[PDB]
Amino acid sequence: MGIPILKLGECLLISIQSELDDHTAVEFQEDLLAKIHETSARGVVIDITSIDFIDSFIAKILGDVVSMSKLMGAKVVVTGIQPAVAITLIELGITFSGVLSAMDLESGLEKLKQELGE
Amino acid sequence: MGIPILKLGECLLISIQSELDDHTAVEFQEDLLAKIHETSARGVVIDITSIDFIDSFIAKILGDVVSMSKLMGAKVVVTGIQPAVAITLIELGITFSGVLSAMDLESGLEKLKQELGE
Amino acid sequence: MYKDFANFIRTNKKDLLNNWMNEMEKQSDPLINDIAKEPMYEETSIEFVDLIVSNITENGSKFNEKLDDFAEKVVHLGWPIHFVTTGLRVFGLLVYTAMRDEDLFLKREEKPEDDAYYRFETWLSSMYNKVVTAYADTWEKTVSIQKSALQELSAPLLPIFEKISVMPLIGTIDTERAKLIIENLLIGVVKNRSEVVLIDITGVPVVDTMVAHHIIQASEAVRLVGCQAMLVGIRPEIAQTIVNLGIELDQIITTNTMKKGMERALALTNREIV
Amino acid sequence: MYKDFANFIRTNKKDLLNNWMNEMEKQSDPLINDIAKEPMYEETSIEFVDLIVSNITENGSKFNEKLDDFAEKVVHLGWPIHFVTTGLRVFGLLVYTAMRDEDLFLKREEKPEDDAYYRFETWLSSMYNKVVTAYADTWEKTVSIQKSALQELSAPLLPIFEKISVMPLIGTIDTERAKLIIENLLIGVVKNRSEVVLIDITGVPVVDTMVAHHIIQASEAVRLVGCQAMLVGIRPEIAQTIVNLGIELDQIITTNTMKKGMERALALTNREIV
Amino acid sequence: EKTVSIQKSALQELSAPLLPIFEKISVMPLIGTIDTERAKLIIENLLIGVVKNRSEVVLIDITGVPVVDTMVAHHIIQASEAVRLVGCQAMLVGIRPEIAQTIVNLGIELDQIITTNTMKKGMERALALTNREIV
Numbered sequence: 001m002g003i004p005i006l007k008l009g010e011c012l013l014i015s016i017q018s019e020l021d022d023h024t025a026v027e028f029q030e031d032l033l034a035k036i037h038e039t040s041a042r043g044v045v046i047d048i049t050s051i052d053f054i055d056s057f058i059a060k061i062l063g064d065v066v067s068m069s070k071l072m073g074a075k076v077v078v079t080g081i082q083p084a085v086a087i088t089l090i091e092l093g094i095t096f097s098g099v100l101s102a103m104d105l106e107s108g109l110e111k112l113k114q115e116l117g118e
Numbered sequence: 001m002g003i004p005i006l007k008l009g010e011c012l013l014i015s016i017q018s019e020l021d022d023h024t025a026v027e028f029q030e031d032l033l034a035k036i037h038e039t040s041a042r043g044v045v046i047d048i049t050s051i052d053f054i055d056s057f058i059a060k061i062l063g064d065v066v067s068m069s070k071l072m073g074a075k076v077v078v079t080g081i082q083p084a085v086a087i088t089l090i091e092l093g094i095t096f097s098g099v100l101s102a103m104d105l106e107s108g109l110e111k112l113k114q115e116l117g118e
Numbered sequence: 001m002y003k004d005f006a007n008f009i010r011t012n013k014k015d016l017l018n019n020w021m022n023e024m025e026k027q028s029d030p031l032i033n034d035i036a037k038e039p040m041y042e043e044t045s046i047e048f049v050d051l052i053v054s055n056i057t058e059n060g061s062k063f064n065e066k067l068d069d070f071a072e073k074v075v076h077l078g079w080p081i082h083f084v085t086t087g088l089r090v091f092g093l094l095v096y097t098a099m100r101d102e103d104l105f106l107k108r109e110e111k112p113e114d115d116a117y118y119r120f121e122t123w124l125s126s127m128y129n130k131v132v133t134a135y136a137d138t139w140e141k142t143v144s145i146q147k148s149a150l151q152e153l154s155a156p157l158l159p160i161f162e163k164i165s166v167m168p169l170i171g172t173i174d175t176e177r178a179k180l181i182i183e184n185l186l187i188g189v190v191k192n193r194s195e196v197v198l199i200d201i202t203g204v205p206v207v208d209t210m211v212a213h214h215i216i217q218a219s220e221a222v223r224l225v226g227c228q229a230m231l232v233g234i235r236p237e238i239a240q241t242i243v244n245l246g247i248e249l250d251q252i253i254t255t256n257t258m259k260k261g262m263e264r265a266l267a268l269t270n271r272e273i274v
Numbered sequence: 001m002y003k004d005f006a007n008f009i010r011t012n013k014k015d016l017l018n019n020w021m022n023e024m025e026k027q028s029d030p031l032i033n034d035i036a037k038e039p040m041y042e043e044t045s046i047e048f049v050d051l052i053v054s055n056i057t058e059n060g061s062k063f064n065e066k067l068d069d070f071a072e073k074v075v076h077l078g079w080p081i082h083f084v085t086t087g088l089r090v091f092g093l094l095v096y097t098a099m100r101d102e103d104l105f106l107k108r109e110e111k112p113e114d115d116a117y118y119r120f121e122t123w124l125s126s127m128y129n130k131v132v133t134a135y136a137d138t139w140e141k142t143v144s145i146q147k148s149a150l151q152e153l154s155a156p157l158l159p160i161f162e163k164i165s166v167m168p169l170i171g172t173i174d175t176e177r178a179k180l181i182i183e184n185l186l187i188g189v190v191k192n193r194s195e196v197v198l199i200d201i202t203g204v205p206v207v208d209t210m211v212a213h214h215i216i217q218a219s220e221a222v223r224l225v226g227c228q229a230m231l232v233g234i235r236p237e238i239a240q241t242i243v244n245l246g247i248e249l250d251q252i253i254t255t256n257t258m259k260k261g262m263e264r265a266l267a268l269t270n271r272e273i274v
Numbered sequence: 140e141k142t143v144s145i146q147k148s149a150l151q152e153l154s155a156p157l158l159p160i161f162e163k164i165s166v167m168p169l170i171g172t173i174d175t176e177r178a179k180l181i182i183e184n185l186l187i188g189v190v191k192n193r194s195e196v197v198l199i200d201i202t203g204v205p206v207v208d209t210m211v212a213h214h215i216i217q218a219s220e221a222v223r224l225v226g227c228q229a230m231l232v233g234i235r236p237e238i239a240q241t242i243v244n245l246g247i248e249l250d251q252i253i254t255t256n257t258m259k260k261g262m263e264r265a266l267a268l269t270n271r272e273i274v
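Going line by line, the protein sequences match chains O, q, M, o and A.
Reading the first sequence from the start, the letters are residues 1 to 118 in the deposited numbering.
Reading the second sequence from the start, the letters are residues 1 to 118 in the deposited numbering.
Reading the third sequence from the start, the letters are residues 1 to 274 in the deposited numbering.
Reading the fourth sequence from the start, the letters are residues 1 to 274 in the deposited numbering.
Reading the fifth sequence from the start, the letters are residues 140 to 274 in the deposited numbering.
The hints are simulated quantities; they were obtained by calculation from the structure and are not laboratory data.
Possibly wrong hints are sitting among the right ones.
Unchecked claim - The list that follows gives simulated cross-link-like pairs (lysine to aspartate or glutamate, EDC-like), each with its CA atoms no further than 20 angstroms apart:
(1) A:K163 to M:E162
(2) M:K14 to M:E25
(3) o:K130 to M:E23
(4) A:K260 to A:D200
(5) o:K260 to M:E23
(6) o:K141 to o:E152
Work out the full structure: start from the sequences and follow the hints.
Set out below in structure tokens:
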């Protein structure tokens, strides 16, 4: 309902619009894992534009997703994690969070395309 | 005594070290005019590094020198007119004061060389 | 009541002139004599003390503005709250001497009582209260405007390259300034598209542990947005402090000066060499 | 004399507690009640007023430091000079009431005289003088440091290109700031070799005639040194004001934004395209 | 006392001479046995000089000192980290096996420090880092 999994090219695209804490987090986890296991796409792309407030649980779950689908293919968190949520992610979810693309989904798609082409 | 006229290449070089008001100003005027009339050099170069204080008389005399030897050849006031004397020159001697080279006498010599070569 | 209060102020003005005569000896006599000639100061003082009770027992708006003007004039002339307090103290002293000598209170009686005796001091304290109230208005306003200007000048993201956003950061910074810098840097990188942020730590004299930690957090934050943080212009003592902090320094790419650091940045974004 | 003065302060402390009880009603009762509970404020006040005369008639350095600490505490708590003056006024009022009621002065006599009667008020004014003297120290220090920081932050020439020296100039500027900017720009261009100075007027809200004239003078000055002034980032109202000033604008080369202006500058210095 | 003081001053100035300089390259030879205060003097002089005469890389000639204390080795590693943070590679040169063993037993992380056994090798590798400086 809130997890619009899109497949385009040799990639995978996701947009996040729920910002809920537990239920949406776990359902998104399970849906993303099931989709990436079902269809084999080397690069998966995640959007965090809509979100402006994240607690510890979502940050940990997002880092868990990064590790999750990094165990089967490269990825980019294309959308620039907003300043408040970026700070919260740093202070709690201490990691590099994979490859990033800073708010330009065209830039993230281009980066993933050039990484897969080579 | 205080007017070391130097001729090098197809140019003319001057260094100022008197900073006196009337006598040195007029003697420098007359010596520079006599030298530029005696030897024909297309470019003459003037140094104002030593000076840090100039009143109205010297500023007017220097603009007069600019017009003077511009009536017989191009020139550069190579040495950066110091901030205090630059401000005084602007507020009193309102002119563009010819071509300038901003404290690097090598830069001024190079500029005059490339202007004469073409 | 203000009418006979002024009818006795007509001599309390001479009393306060003698008061100024006595008080000039103790506090910076040459300075006050040089900056303000005595007759104008004396006439200003008698003007301030004589027309306050010229209104009918209630108040005066025009003299309120006059009192505010007097407060700002004594602020500019070099009379802080200490000098005004000394003036009030000597005012009271010479009022005491005058009433010991003059002996003429408000109400007509062979021997007055404590009522007007302390009404005098209550009114003295009231005028002093209004004076000190008008004293601090300009000071608070200038403090506020200076603080606002310092806040808006602390983190200028306005210097901008093509797809690169440099940041001067010249002045010394504290915790409030550190929070302002981190917030402003994130906001600026959000609004403007860029890839490299050149932070110039050159300029700050001394950086303690916590400010350096916030700087490293800013670098990591702009990286976690997705823009490389090419921090440039590190001084010896600040580097010693950063490395003593123990924070990892492999993720931060450093350079000695802006020209070389931006050259390396343009090397990173290859197609920006021109 | 300070001994029996304290031996009567042992009841003047209760008098001043009643004074605080009476005075709490008039000035921001909810605010003071919320920020400071009444018992601690009362005990701090009695501590401030009781041990001042516990020394032998001369002075006390430890209590001088205590009084300075009290002054800074009442500064931070939200008691400006107006509130402290009201406190002094109510101090005097309740001393008057107590002496009308208690009737026990310093020297042993069936009927005391004016000597101690006004020695009380002189000492009250003296402690108030010391309090106001300690009041303004931190304020003056923070004003001075803010002014110094504003001065050093006004004209940052630190942002530097290869042979090009940009200048942010973001905050609003006045005549003092204008002189600071012109001086600092000339000094910076003297120390560092450059050819183009990119001044960003973008950021200043409103520029009057004289500041704009000083800006044009700065451009002409850096030109008369021998460096082109590629002033960039002009806003509508400021442009209207500059052109209304009537100063010639042909010598100044302008640009809308930093990226384009510096691109034009690199065009001017052809061999800096890479 | 005067001769002791002047001789101590001479040992102070002879501690960390950054004077040996190549084109955009610097080298700081130290050969006498160093102590804690001497280590502080060396780190201070190294940082101040490398800022004053800015160069891309810095060579430290550890060869010469027989044995160094564990805290001194820790401070040397901190100096390497700091001069890297300024923007200069601390290409340590010619470490002795005993000092290497002491540094290893120190347990600090040892990847950022670039080491060569001879000054010629360190110099050629530094010229390799500045690619077009090799010619």
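If you draw a straight line from the CA of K260 (chain o) to the CA of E23 (chain M), is it 20 angstroms or shorter?
66 angstroms, violated
CA of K14 (chain M) to CA of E25 (chain M), is that 20 angstroms or under?
Distance of about 18 angstroms is within 20 angstroms: holds.
Given the hint that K130 (chain o) pairs with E23 (chain M), test it: the Cα-Cα distance must not exceed 20 angstroms.
17 angstroms, holds
Holds or violated: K260 (chain A) with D200 (chain A), Cα cutoff 20 angstroms?
Satisfied, since the Cα-Cα distance of roughly 12 angstroms is no more than 20 angstroms.
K141 (chain o) and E152 (chain o): Cα distance at most 20 angstroms?
17 angstroms, holds
Hint consistency between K163 (chain A) and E162 (chain M) [alpha-carbon to alpha-carbon, up to 20 angstroms]
29 angstroms, violated
Checked against the numbered hints above, the structure violates hints 1 and 5; every other hint is satisfied.
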